[PDB]
Amino acid sequence: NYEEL
Amino acid sequence: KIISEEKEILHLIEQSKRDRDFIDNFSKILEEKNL
Amino acid sequence: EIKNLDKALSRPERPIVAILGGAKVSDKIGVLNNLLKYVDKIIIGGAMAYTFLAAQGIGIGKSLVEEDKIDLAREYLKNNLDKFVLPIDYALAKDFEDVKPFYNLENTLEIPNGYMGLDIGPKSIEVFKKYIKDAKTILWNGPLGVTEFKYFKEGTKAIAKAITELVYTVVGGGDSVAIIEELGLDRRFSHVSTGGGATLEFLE
Amino acid sequence: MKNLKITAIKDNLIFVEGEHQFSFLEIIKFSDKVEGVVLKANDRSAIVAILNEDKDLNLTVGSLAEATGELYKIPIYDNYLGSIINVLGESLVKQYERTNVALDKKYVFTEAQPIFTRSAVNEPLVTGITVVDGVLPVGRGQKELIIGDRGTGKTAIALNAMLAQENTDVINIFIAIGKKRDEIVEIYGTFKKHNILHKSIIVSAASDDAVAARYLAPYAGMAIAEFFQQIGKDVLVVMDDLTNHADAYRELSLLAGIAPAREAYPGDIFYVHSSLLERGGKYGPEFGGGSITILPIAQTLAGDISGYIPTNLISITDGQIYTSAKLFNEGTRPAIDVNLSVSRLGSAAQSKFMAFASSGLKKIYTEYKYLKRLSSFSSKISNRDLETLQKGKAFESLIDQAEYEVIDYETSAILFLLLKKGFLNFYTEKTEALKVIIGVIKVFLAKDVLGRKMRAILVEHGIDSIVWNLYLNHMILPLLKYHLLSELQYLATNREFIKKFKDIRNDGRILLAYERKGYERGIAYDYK
Amino acid sequence: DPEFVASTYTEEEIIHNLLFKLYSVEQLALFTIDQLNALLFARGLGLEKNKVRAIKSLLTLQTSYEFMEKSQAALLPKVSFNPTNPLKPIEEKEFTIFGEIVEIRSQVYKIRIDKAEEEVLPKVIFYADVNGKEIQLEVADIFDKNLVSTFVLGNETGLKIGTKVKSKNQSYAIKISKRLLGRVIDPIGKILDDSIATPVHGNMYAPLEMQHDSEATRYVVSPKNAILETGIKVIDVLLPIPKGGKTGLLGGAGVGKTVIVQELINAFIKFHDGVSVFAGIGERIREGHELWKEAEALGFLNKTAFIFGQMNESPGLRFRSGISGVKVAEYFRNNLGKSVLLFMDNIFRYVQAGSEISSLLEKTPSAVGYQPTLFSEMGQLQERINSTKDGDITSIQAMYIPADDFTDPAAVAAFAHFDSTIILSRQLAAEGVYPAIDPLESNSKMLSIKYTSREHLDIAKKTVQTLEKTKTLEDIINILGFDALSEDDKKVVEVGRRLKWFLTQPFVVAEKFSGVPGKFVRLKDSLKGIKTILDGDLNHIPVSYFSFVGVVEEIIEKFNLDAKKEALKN
Amino acid sequence: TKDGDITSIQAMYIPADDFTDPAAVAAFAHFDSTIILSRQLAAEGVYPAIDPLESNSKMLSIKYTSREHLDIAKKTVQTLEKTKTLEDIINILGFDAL
Ligand SMILES: Nc1ncnc2c1ncn2[C@@H]1O[C@H](COP(=O)(O)OP(=O)(O)OP(=O)(O)O)[C@@H](O)[C@H]1O
Ligand SMILES: Nc1ncnc2c1ncn2[C@@H]1O[C@H](COP(=O)(O)OP(=O)(O)O)[C@@H](O)[C@H]1O
Ligand SMILES: [Mg+2]
Ligand SMILES: [Mg+2]
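Protein chains in written order, with the authors' numbering: chain U, 45 to 49; chain J, 125 to 159; chain O, 179 to 344, 348 to 385; chain E, 1 to 528; chain B, 202 to 771; chain A, 589 to 686.
Note that these hints are calculated values from the structure, not bench results.
All C-beta atoms in this analysis are idealised placements derived from N, C-alpha and C, irrespective of residue type, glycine included.
Hints may be right or wrong, so weigh each one.
[To be verified] From the derived model, a few chain B residues whose C-beta atoms are all more than 10 Å from chain O: (1) 208; (2) 234; (3) 236; (4) 395; (5) 585; (6) 628; (7) 646; (8) 675; (9) 712; (10) 718.
[As the list claims (entries may be wrong)] Dumping the calculated DSS-like pairs for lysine-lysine here, alpha-carbon to alpha-carbon at most 25 Å: (11) A:651 x E:435; (12) E:192 x A:590; (13) B:222 x J:125; (14) O:308 x B:250; (15) B:257 x J:131; (16) B:651 x J:152; (17) B:294 x B:222; (18) E:192 x E:442; (19) A:663 x E:372; (20) B:222 x O:256; (21) E:352 x E:420; (22) B:759 x B:725; (23) B:725 x B:271; (24) O:307 x B:713; (25) E:180 x A:651; (26) B:250 x B:759.
[As the list claims (entries may be wrong)] One-sided excerpt, in silico: chain O residues whose CB lies under 8 Å from chain B: (27) 182; (28) 263; (29) 266; (30) 284; (31) 290; (32) 294.
Given only the sequences and the hints, what does the whole structure look like? Please build it.
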């Protein structure tokens, strides 16, 4: 996921 | 706006600590006055 | 014919890597869709690469862009992020004239004002060669640089040599077919499509 | 033309009076054959050291002399190769005839070329010694000192280095400073026997030659080397030895009247060696495109490397090969101290195959030496200790070779890889298995046409581990297995030999047939 | 006013200022591995093989106050450093003294003066012209009014009796400016990096003139108070380098000093964003060429000023290399207000050249044949490196100890000035341990509470204690076997082994030998890793995993990956 | 020369038992065979007091002797060196440590 990065 | 106020306060604290610990100008050291 | 566009588009052997060389971000959108749901690792070169750099927030200088699809690039990076390999080094010139190139030695990502991007630099060449070395399928489509200029065609010849010296390589673009004909790049590629809109539809 | 006259003769040094523009080391001519160099000078007088003497001419007070105005220039002649010569170019022992038309004249005291004329040293100079080739690499253009006590085998190492160039394109120049004449003649005979005489020059200044001649011999040798390098050649230079050269210079300086310094050597004893040794290196195509490799020799007293001259020579050179008397007593040949020797160049001076073959040999040797030293006191050792002892013993047995024995670069690399794989620990104290292995590998790489192809692949191509493993498991191991069985019969009874050699093709029939037809040991294919 | 603020900056200044650009984390998540690695290499943090770790490193570098200060200043009109007490160039004179050579020898020539407009001064330079080549002779002794003695600065070939010489009654001078960066010269200013000898544009300064109004000015100095960050785990944790002091690199031959020197040059130029001056004394031609070529290749050539007194040059020329390097550093601090990291190699050769010059000029040798003015000359060299209001001059000097004799007079003279000594071991290098720094023998004066924290001191003390104790116990292990240890001794030995192997590090310059990419480890990361190892947390990992890594997490990740592969294999 | 041989046997004196004396160093360069006598061995009663661990000979080559002689000489010198090393251990740590 983009948000996890 | 690049530097936040909190980080500026931290930098001021660190610079004050450095200026207190290591003194370059000898007129900044407390002297006892003869009486 | 069908042995590449149809037969080879069903059960590719991992790892699979694709190269798209073009000067328009909004000229290959659909291709991305079928590519991202088919191929994981993709090289991107050209003016659409500079559009992607503008989307990411990097400086672009006086390079040609497509301001309409900036948010489209942001969306294609947000959903999938560890897929694309954009170049780092960019040979630059003051204007469109093919003059002796100039480089940004420090912070190679940034493109300063008064310069436009036309071709990738030696660091980008080396990193692309490193990515090419570990591969099993090659799908070349278009020039990552600007082939029409003499002082801006080193990238295409270097990547062609890298793809040919070392697994199956092919060509899937009319511009790639032209570059191969003008440079002799059929040593490793089985065949070229030159489909244009037909190639885009077969790749969509 | 003569304008100087002799006024005194003290300590074999001539004192000349006359009005001239004297310069340091200027040549003063006393006759057609006799000449000297200026050590000190005034506005009207000078001190001259004679280079050579003539029986006919007897120099006295009042004899006239001519000041040439130039420094010493050595002439280059056709028959220098395969010859022993003076510092003046006279053929003491020659193999061919001299045309008497000099090809060139070189200044013996030329300044070294600056840093922009050099190129990176990246090619291996094959010494012919396994331990030097693998653990202490020497590259073309690298000055490498050989330092040790008397009778430890330094001259032997240098001679091995020159003999290993039999099949290469390197030119050998041997400079003898204060050496015995019989030893020089024996070295010339050794050159002749090994067919390296046609490209070797010896510049000889014996122990009873004039001191100026002994001082100038290395400079003349390096001038000849520079003549050969300026036309793009590779040259290997051996100086034997620079301690005698320093002694000769000290004698000259003390006789002249120069104030003594540390150990009574003149003040500039470091300069005369640094300026001499910095003239060797690798050069770019615009400045000759050649290379000069220097192997100076230095003698220490009871292992004391703290002397002035050894310290200077260690500070100047790129690496040091130490010869130990204790290792000579222990039976090591050559008695090279690996723990003390250093090579700053490293794998940069090795081929890719050799670098891959000798990755971690120094660490294994160090661990083995530590364990062997402590073995006389310890009682309990782990299994890793047993494997370390086996590998170290195999390494010691591998790096031992006879005198004037050249071992090929690729043979050394293959032996190193065999050791690293564990294939050389079955034998012990016999060292005939390793002898037949070396013979087989040399014949395979030198005679068999496919062996020649493999040799080229190993020389100019750096192969990966898989390709080398395929080579080892398909041609080397079967040949070694068959010939080890055929010449060491009891080896088959060894459990380790049977274990390591149970998954290799048994090609004994065809190789026995080739033995019957008379093919020499090592030719596996005759596909002409 | 973007146009106005950009009007005060040259195009090269904008190119440099593109480095100090702030990137938001939202943008940073969208970069690729290749772009992140390019950014890290441009900012000197070294390559990273993980995404989130690279973003964290970039954010940590960007969140620093100095980086934010530079980024904020990069969007403002140029402010010029106003030089107080600059270096004044030499004055313009004519050739006022004329004479000729009357006595010759090896390296020493006597000059008789015929036509003089003024009396000759000590240390002035006489110029001679032979075959279109210029030779400089430095004056040593003035015997009477019209007779002096001189020694050559360079090559003495071509000099003879009656060679006319002329002098301006001035010491030797060199051309200094910012254009000296990226060029290679010798102490007297001769070009050494090309055959056509493209000149260096600058002003002529005399390196032997200090330009002090009074001696009291030499006591207006600021004692060292700061620690320079190098990115090397062992140096940062155990041997802090003073900023404005002196660090000695000691060892035998082949220990690896020059690789450390190159790594420190690169780290100072890239990470610390400064100016580097290299002064080779008795520099081998091959090593000088190699170091120049790798400086060009690695990209720190354009910010380094090289001075090379070569090994084959006269001792007088070899002696002046340190003075010329010090003068260049003084110019780069006083005139431009930039912190300079000055590198010296090799100090032993400087001492040897001084001894040679003393012996040549007929002076009575001191003990062990050294010059009577040994300590005086060492002080003369080392006393011009200091820290003043204008900036810092840090020195990192490599020394060769002959036969490991630390009581040699040259070494005894050198230790009088070193603020931190880093001693390399040939045994430790032979074990494959690099950078092969001996932690027990080396020590730093900056590992106190005046400069470091309580945590740093505690970690350093515990590390040294553990290493000494495991060194003691290893002999017992070797003799009596690993079983003879007690229960606590086994844990101590394992912790010590893992600590010793964790201190190794791959350098970005040493990629030529082993082919392994280098790394840059911050002080906090090294402290956290050593703290984790000291507690015994990673005692379940084989020792082979601790070798040549960057941070503590790499070992854990590699061990977890190997365990996963082993679990999948069966 | 071809007219005949001149075989030289020479005795060299070592002042103050200092084998680094310049005269000894100069003489070492000319001896094909070098035989060094020890004062400690003579004190122990060994006669001749020849120290084989300090001497050397260039006639120990395959060009002049057989393989067996070379092997025997090398083994003898190696054994004497090992014994000399072990005598220090015996002297300090006693005999039962071996
Ligand atoms: N590889 C070798 N195997 C066996 N003997 C060897 C070997 N190398 C040298 N020797 C022997 O060692 C002795 C010394 O040889 P060499 O002339 O090389 O010594 P050196 O160190 O130059 O001595 P010196 O001080 O007399 O010049 C000779 O007897 C020679 O035969
Ligand atoms: N960090 C390192 N990694 C690998 N090798 C090194 C390292 N540092 C030094 N070396 C080795 O040292 C050799 C060069 O020695 P050098 O740096 O000149 O040491 P010194 O200058 O102290 O003699 C090289 O061959 C290299 O292999
Ligand atoms: Mg010899
Ligand atoms: Mg060094």
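message: For a C-alpha distance cap of 25 Å, please report whether residue 192 (chain E) and residue 442 (chain E) respect it.
response: Roughly 23 Å between the alpha carbons, so the hint for residue 192 (chain E) and residue 442 (chain E) holds.
message: Check whether the Cα positions of residue 294 (chain B) and residue 222 (chain B) lie no farther apart than 25 Å.
response: violated, 49 Å
field: Claimed clearance of chain O by residue 395 (chain B), with the beta carbon kept past 10 Å
entry: About 21 Å separates residue 395 (chain B) from the closest Cβ of chain O, which puts it past 10 Å; holds.
message: A closest beta-carbon separation below 8 Å is what the hint needs, so does residue 263 (chain O) meet it against chain B?
response: holds, 6 Å
- request: Please work out if residue 759 (chain B) and residue 725 (chain B) have their alpha carbons no farther apart than 25 Å.
  value: holds, 22 Å
field: Hint consistency between residue 222 (chain B) and residue 256 (chain O) [alpha-carbon to alpha-carbon, up to 25 Å]
entry: holds, 23 Å
task: Mind checking the alpha carbons of residue 257 (chain B) and residue 131 (chain J) for me, to see if they're no more than 25 Å apart?
output: holds, 18 Å
Exclusion check [residue 675 (chain B) not at the chain O interface, CB over 10 Å]: holds, 42 Å
- prompt: Under the criterion that the straight-line Cα-Cα distance not exceed 25 Å, is the pair residue 192 (chain E), residue 590 (chain A) satisfied?
  reply: It holds: about 20 Å lies between the C-alpha atoms, which stays within 25 Å.
- prompt: Does the alpha-carbon distance linking residue 222 (chain B) and residue 125 (chain J) stay inside the 25 Å limit?
  reply: With a Cα-Cα distance of about 14 Å, the restraint between residue 222 (chain B) and residue 125 (chain J) holds, given a limit of 25 Å.
message: Can you confirm whether the C-alpha distance between residue 725 (chain B) and residue 271 (chain B) stays at or below 25 Å?
response: holds, 23 Å
- prompt: Does residue 152 (chain J) lie within 25 Å of residue 651 (chain B) when you go C-alpha to C-alpha?
  reply: holds, 18 Å
Violation of the numbered hints given earlier is confined to hints 2, 3, 17, 27, 32; the remaining hints are satisfied by the structure.
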